[PDB]
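The chain below stands alone and is given in structure tokens; this is the form deposited without ligand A1CRA.
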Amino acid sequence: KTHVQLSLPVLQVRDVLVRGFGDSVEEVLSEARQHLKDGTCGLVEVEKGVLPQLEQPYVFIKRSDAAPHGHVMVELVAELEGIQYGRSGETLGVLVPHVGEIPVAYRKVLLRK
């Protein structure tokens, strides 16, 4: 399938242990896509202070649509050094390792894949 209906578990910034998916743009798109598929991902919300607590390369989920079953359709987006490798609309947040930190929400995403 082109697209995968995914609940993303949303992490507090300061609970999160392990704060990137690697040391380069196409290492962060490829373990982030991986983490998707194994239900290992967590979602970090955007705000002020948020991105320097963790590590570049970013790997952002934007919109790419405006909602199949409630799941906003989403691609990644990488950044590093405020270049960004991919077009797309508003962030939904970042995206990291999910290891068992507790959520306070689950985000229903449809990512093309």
Given for the second form:
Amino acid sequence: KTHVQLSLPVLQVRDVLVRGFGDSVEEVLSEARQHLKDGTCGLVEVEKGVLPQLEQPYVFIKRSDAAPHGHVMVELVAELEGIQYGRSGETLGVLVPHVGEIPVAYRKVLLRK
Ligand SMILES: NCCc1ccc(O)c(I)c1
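Target state, the form deposited with ligand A1CRA bound; input state, the form deposited without ligand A1CRA:
Below is the whole assembly, all chains and molecules, this chain first.
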């Protein structure tokens, strides 16, 4: 399928134990996709002071369109040193590995895969 319905755990930035997916734009997009498929991906909502507490390159989920079955349609955009790889809509947040942190909420998305 071109899209997959996911329910992503929303994590507090200070709880996140593994604060990025890797060291290059291509690696972080690859790892983010693998973690989304394996159900081991969390979401941090971006507010003042969040991104400096996480590791670059960043992987964002961004709105790709305007929401089936309650799931907002999203795609992945990576960011390194102020340059973005991909073009999309409003940031829903930053993806990180999930290693069992307790979420504050779940965010339903339809991921372009
Ligand atoms: N064709 C790969 C299957 C798959 C399932 C769920 C996902 O979240 C993702 I990304 C890929």
